[PDB]
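Could you build all of it, start to finish, from the sequences and the hints given here?
Residues per chain, in single letters:
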Amino acid sequence: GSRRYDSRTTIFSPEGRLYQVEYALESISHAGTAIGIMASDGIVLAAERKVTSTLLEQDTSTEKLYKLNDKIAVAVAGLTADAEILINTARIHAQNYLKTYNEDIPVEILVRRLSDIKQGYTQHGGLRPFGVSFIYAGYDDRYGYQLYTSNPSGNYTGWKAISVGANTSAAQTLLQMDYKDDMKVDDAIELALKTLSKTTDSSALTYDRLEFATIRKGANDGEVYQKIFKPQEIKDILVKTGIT
Amino acid sequence: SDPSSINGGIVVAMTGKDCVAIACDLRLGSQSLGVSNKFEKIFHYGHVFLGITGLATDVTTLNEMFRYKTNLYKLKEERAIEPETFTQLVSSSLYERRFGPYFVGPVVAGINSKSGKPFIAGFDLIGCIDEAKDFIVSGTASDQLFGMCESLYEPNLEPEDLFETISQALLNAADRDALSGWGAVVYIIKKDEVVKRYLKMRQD
Amino acid sequence: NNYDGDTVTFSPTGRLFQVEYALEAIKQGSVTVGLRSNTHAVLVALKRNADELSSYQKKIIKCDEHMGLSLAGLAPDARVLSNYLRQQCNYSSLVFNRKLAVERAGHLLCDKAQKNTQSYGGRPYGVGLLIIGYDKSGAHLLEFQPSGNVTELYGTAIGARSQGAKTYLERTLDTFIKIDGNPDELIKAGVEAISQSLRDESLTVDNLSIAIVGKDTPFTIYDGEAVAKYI
Amino acid sequence: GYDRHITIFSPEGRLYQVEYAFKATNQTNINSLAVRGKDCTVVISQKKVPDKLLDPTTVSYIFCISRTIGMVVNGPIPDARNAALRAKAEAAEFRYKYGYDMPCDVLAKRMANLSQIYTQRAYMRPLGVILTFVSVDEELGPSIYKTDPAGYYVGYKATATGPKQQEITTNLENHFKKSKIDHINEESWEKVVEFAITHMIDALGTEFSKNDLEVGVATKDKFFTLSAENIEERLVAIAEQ
Amino acid sequence: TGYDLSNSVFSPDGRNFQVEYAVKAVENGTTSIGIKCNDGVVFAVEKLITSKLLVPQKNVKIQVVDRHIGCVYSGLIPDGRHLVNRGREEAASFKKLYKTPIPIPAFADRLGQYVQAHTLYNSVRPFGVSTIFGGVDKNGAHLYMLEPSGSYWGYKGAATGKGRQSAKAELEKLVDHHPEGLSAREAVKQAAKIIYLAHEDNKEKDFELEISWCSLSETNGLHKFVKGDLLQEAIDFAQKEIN
Amino acid sequence: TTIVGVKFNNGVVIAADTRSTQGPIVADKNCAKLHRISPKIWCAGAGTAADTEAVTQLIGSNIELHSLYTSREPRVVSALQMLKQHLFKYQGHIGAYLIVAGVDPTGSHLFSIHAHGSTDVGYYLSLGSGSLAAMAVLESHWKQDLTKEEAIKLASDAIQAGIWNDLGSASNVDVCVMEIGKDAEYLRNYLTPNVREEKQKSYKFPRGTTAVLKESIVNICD
Amino acid sequence: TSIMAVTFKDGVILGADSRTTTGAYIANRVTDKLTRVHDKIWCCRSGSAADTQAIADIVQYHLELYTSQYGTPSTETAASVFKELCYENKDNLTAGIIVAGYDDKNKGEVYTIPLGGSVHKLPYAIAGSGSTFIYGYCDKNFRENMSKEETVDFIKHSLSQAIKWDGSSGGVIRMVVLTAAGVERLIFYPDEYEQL
Amino acid sequence: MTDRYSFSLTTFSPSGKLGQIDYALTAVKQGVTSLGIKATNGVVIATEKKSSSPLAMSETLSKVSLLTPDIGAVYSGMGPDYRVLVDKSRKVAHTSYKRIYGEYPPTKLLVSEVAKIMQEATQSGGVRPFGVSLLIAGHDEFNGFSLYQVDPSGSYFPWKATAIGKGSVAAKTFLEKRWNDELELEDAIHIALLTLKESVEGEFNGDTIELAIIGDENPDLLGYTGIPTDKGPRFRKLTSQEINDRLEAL
Ligand SMILES: *[B]([O])([O])[C]([C][C]([C])[C])[N]C(=O)[C]([C]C1=[C][C]=[C][C]=[C]1)[N]C(=O)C1=[C]N=[C][C]=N1
Ligand SMILES: *[B]([O])([O])[C]([C][C]([C])[C])[N]C(=O)[C]([C]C1=[C][C]=[C][C]=[C]1)[N]C(=O)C1=[C]N=[C][C]=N1
Ligand SMILES: [Cl-]
Ligand SMILES: [Cl-]
Ligand SMILES: [Mg+2]
Ligand SMILES: [Mg+2]
Ligand SMILES: [Mg+2]
Ligand SMILES: [Mg+2]
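Protein chains in written order, with PDB author numbering: chain B, 1 to 244; chain I, 1 to 204; chain E, 3 to 233; chain G, 2 to 242; chain F, 2 to 244; chain H, 1 to 222; chain N, 1 to 196; chain A, 1 to 250.
Worth flagging that the hints you see were computed from the coordinates, not collected in a lab. Possibly wrong hints are sitting among the right ones.
Said to hold, decoys possible - Below, in silico cross-link-like pairs of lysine-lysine (DSS-like), each with a Cα-Cα straight-line distance of 30 Å or less: (1) H/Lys214 / I/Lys117; (2) N/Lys121 / N/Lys40; (3) F/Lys59 / E/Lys117; (4) I/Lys76 / B/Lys217; (5) B/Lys235 / B/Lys194; (6) I/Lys69 / B/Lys227; (7) I/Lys76 / I/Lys117; (8) H/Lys29 / H/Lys201; (9) A/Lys88 / B/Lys227; (10) E/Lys190 / E/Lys101; (11) I/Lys117 / A/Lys231; (12) G/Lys39 / A/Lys108; (13) B/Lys227 / I/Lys76; (14) A/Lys98 / I/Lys69; (15) A/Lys91 / B/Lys67; (16) F/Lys139 / F/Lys53; (17) I/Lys133 / H/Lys89; (18) F/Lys48 / E/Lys117; (19) N/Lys90 / N/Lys148; (20) F/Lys100 / E/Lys168; (21) H/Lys29 / A/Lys91; (22) A/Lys50 / B/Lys67; (23) B/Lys180 / B/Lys198; (24) H/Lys89 / F/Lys97; (25) I/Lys191 / I/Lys74; (26) E/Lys114 / E/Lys231; (27) E/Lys138 / E/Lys29; (28) A/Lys231 / H/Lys7; (29) A/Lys231 / G/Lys181; (30) G/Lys24 / G/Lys181; (31) N/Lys107 / F/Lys139; (32) E/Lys101 / F/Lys139.
Right under this line is the structure:
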């Protein structure tokens, strides 16, 4: 019967590893690097688009940074199509929570939900897992600014600074070296771009190969503003920090 | 017994020159018993305003529903919803409950951000769109509101004149209805400024 | 070989190996004998024990007042099939006020076993059954194989060393068919038939199991000191 | 190498089960031909009754799908009849739902979509048949639309299917290169059938008796198959000129 | 290779090896035939007497569908029964909706589509039987034969099982020597002969002859088993011809 | 509501009034009761307003998809069949009473559909509360072999009969003309009462007339 | 409604009035209650117009699919499909149908299917609200093996009286003739049949 | 029966590759060249009508398809997969948008819905990915003109201009030299015809080339008059004659 052709996506190896999760992580390691850095007065999201073209319409393009609600955003590393499935689900969960409690969803709760969905694909159903790793950047009135990451296993962790995708080993060492607790957004912006500039496989880091975003309380009085940087704005911050 | 007249209340909307106005009373009751004088019936999603009369639980539910939907719309479309589009969304959403409807009388009001054209629309409890040029009425004193609006209203009123006309339409209509009143609110809406005024009225 | 992984696969010579392996489970099972005359039908079964402390596995199951069977192979599968027969016999009585014909009972068993041989996921039944009964057309004896093949016979035997009892019945055919109106002599012939399949062990009081049905005899099972008469 | 057993992509981007279904198409060793007249569409097919014990009247690969649509099949008869029964059901349902007779091209597309599904879904195998639908459509006029196991379909001026399709195809191609029109310029369907048979004889290089052929004709508001005697009359006319 | 391990898989030839392996089960079975006569059909089958313990005339192989169709098959007997059970459901639902008893060509396709369906998936096995069947309807007599692939045609005479080549040769003679046709009573006699002649392929064990027939004149277009004197008359005719 | 349909020699014309009512109250004085199903197939609707709008758009949507699937111009019998089978399904609970008309490759057609799913054919038809006034006019002035100009007049005269004599009909006349070979012409307000009374007095108020308690600016921006 | 179907020597003729009513208002005065489910199998419809249309449409679909598989169906088969729908859905339907058809083997046949879903094969049948008034006339005047002209007169006279007395019946008298020759439609206007 | 393939047929290999998606892309590579170019006042999509036989009527086979009145689509790869995607794309534009908002979806969101369908064929049980890459050109009020590519994975990218299929590598290089942000629609059509000639072997004319545009509203193609706000479809398929006229000025 059909059993003959079943890959058995949800099994343990003799060593106690989930094959498909491990291979999905290997897929993600070839994806464009994405970096998240949390500061006392905001969060930075930086990410590298993969070997682009001059004919790509960048200003209408989105492959790395997505908005979940007004307070929470994500940086993607892996299969973009897989990520959009999960992103739409996350967007709906946030709206469900808002409708039920009349309050914006706490960042961790949203992250846990998505991470639980990923987990399900590793334990039951016989389907391949989502080849996606997220960096969640968000704010709520309980914990303030938060950074999380989730991977195909459905495991999530909180961070002060973190990278996903390609060259994470190199990137994480560089972040661990220059990161400090009393750091600010403008400093974090610089750290993020400097790290990408060193870990990139490209010859040089340019505006057309980047997606950039910030979550700031730099919004008029006690409230939070998301800023998805435009191509021209990424070009300006690259000059400001002294990379181009 | 009649769900549309347990809680009571009214909403009215009017067009003016490069402006729209939408107003509502503040009463919520349990038939004869007045319960709340702070129950506002007008909500807004971006620059689109929605007034809802009828059964209060559904008023609340639909607000939460249209907030839900307009929020997702914005995330995907990367722009705020327009009055014409929202009107179609309200109609769609109501008609999907054709044989188990929300007992409400919605009213949409706003200005199209691109064309600048003023827009109002009314609905029955199941989705039928009444897209009037002049005015829209809804609630337990809709008959009274029709009479007031039909006599008081004239086209191309300026924002501060329109305020007087709609306020007097609401106030005098509410004063002939036992289940309406207990306060009132009027929204004056222009392309990039909105003023909200609470009216002084008789509290019986 | 490569075509015995499931029941849904023919071999290159047109064989169904899973069915044949299920057939093999019957050959490992303890011997049981069936035979009839024109008035009575008799089952004789050699029960098997695990050891000296254990009981002797029951081989005969009653299906109705006028019908029952003996088993050889997987006992739980016999329980499933006998339960099905009980229901079909019972449906016939309740709905039609009619005792189920032994031939029709065989047809129902054939069709139930067949579905398990053509579908993926399932498995063939791992048991052989000998059904006896007395209906409106007299005494009957059926042999059920889990391939689906059901066969009406004068006498037969299934299980380990069953060929000895089957040859004996093939010789005695003209004698035991004529044993009409004499239950004890028909059982004697059955006890003598099953004896041809014995080696090393002999028929003891808790070893032997006998059943009978006939003209004015409801299906009744004899065990223990009730079969000492025939040892 | 299980990419050759079910309908999934091989490393070359190929679907081997679809390709092998195309090969099953020629298992019957029968050649079919379809041409269009002014008022009609004619389809002819070789009829081979190798066994004397067969009832030759029941040996057919031409099917009357609806009153207006006819279908000839190139492939094994079980898959042929599977396709026929479905096409009949689809044509009847279409008329009930939408209030008018299902067009030939629309039915072809529908059957082509069903075939496409078998090339994408693993549990369903492709049918090893090529379906040639013919009619005189009330909008498009004389119509020939052909479907294959890949889920591909297209309209035709004329077409041929079978082991020796290429010889027939080139023969037809050469004729339409001369006439420079998309059809057989002939009033009566009888003469269009004569043309169809004549050009099959020329292409294959074989003579035909009345029992060697099978003919289907589509006119306005009906499709019908010719009897052996109707074909005999057709063969007599061909021989007499 | 590996194309023959799963049903519904096309080999590089374009063949379904599992269906071809089912045919081997059919070829292994006993001989069964069908003869189309002037106003009806005659079915006959070889029943191998494995042992003396088999009760004569009890293990009936030929099956009736509705009241006007006879079915006989060679190969895996349970598979044939399953197919007939389906046929009976198909005939019942046809009569339920359309009132008239199911025509034989209509009935043939019902079996054909069902058997063909069992070559479409790897979750089912093809049928291990070739079924010869037919009867009398409003348009007269019809005889069919249906293979594991789902393939079926109308026949003047049909044969399947281990002695099919022998039988076929005999059927071909009758077709040649009787172009005007064969009577129902003649067909019964000939059917008996052909089974006896086809028994040379299964000559180790002796056998039991079973015949049935539908005929407009002889049985009022209903399926009936050939019994008693008429059966013995056919057996005598058959025994005379082999000697 | 007064809706009509009239066939003429090379096409078909549809017409309707423009009043909508809740009991004795007038809800809309200019309701558009003419709907587009496909470019050259329009239907007029009476009964429950939401039901006529919804069932007309649903079938209009399916007709568009069908047209794309079949690569053909949609037919009127297709709309007719899809509509009736839907209305029948809901045993009259969808209160849509329609007059369906249009031109297609088969010619020009005129039909009516009742809420329970029954369809009729005719050269002239009318539905609604003013249907009896209109049909009296149609039964008095209809003849066969009408011109486009005669048919429009007959249709709008029939709609007027309802406007004046039926309380559930009022205001303006809408028309749509579907001719063979031509584009359909939708004539919104083909007829309106001219002039109309100016009110005796303007009720524009002195500014400051209304007593206010509080004021505030509303934040609509992000 | 006044409908009837009558067998005669050459085949069968169906007849019907053309009035559809909503209470006392005549919603349609030129209705065609003679509908075609197959080339030479037609029916007469009485009761709910929506129900009888829905049924007839389904039957036409079943016989179209029957024809594609098994060839031309009998009139008896058509009546059975009508019956199956009317009987199984008897709680939710209000349909009184007369089925009439022409075979070459069986010739003209008439089946009536009243409210319950029962079937009755008859030489002729009458149904609809207006049928009540012509039971006496039709019983007295019907003969078997009438000519075409005699049968047309019989139906014309019968429905004339049914129309005269029943307010639910009226308009024109439609007729459909089913024979080996083909299918012929007839119509008779008030000025003709009222003076009978 | 029952679909017993409830498990994924596309899975991650040890290297992190999704084999079936890669192989689907290989099938797209073999497919006939199609391209898209975006101008300031329009978009053009074009491809070669590779006729399988000269007896076949290639007009009946439409490689360029209308999805909505303002959105069109072209492909490279497996035609039958494209055909069913167009059917689903047309339907989803109604069910998941028009029946809710009373208007046609903007290009990006329809593309998103198509992408979603293709992604699901890459993860759902018992199916292979679609063996096509789509180029979807369209217009809407708030986003203006746009051109999107959609791959077997479900990934989609917006382009100023691009090509897919057989000679895409060469064609994309050709487009990079010619494209600028000041192109008018007629200039884009001219460049499209130039680019497409390089990948075509045999006949190069209006009968062997399929070309459509998203441009100005066509009130002549609307079918009715009387509603000012309805101005007609922006999608228009160029005729065989219209193409040949521009091939003389080539
Ligand atoms: B006409 O009278 O048929 C007209 C048809 C058109 C408006 C669709 N119908 C109505 O105006 C109906 C009358 C009605 C009242 C109450 C229940 C059902 C029908 N009016 C409405 O449907 C309606 C319209 N707007 C708001 C509320 N109700
Ligand atoms: B006849 O009167 O039975 C007639 C036959 C029908 C097929 C047109 N029925 C009707 O006219 C019925 C009402 C009726 C009258 C007498 C007996 C039973 C039923 N009318 C409708 O079904 C109808 C009426 N108006 C609109 C739509 N449908
Ligand atoms: Cl489809
Ligand atoms: Cl009617
Ligand atoms: Mg009050
Ligand atoms: Mg008070
Ligand atoms: Mg497959
Ligand atoms: Mg009368």
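| message | So, against the hints stated earlier in the document, which numbers end up violated here? | response | 9, 12, 16, 17, 19, 20, 21, 22, 26, 27, 29, 30 and 32
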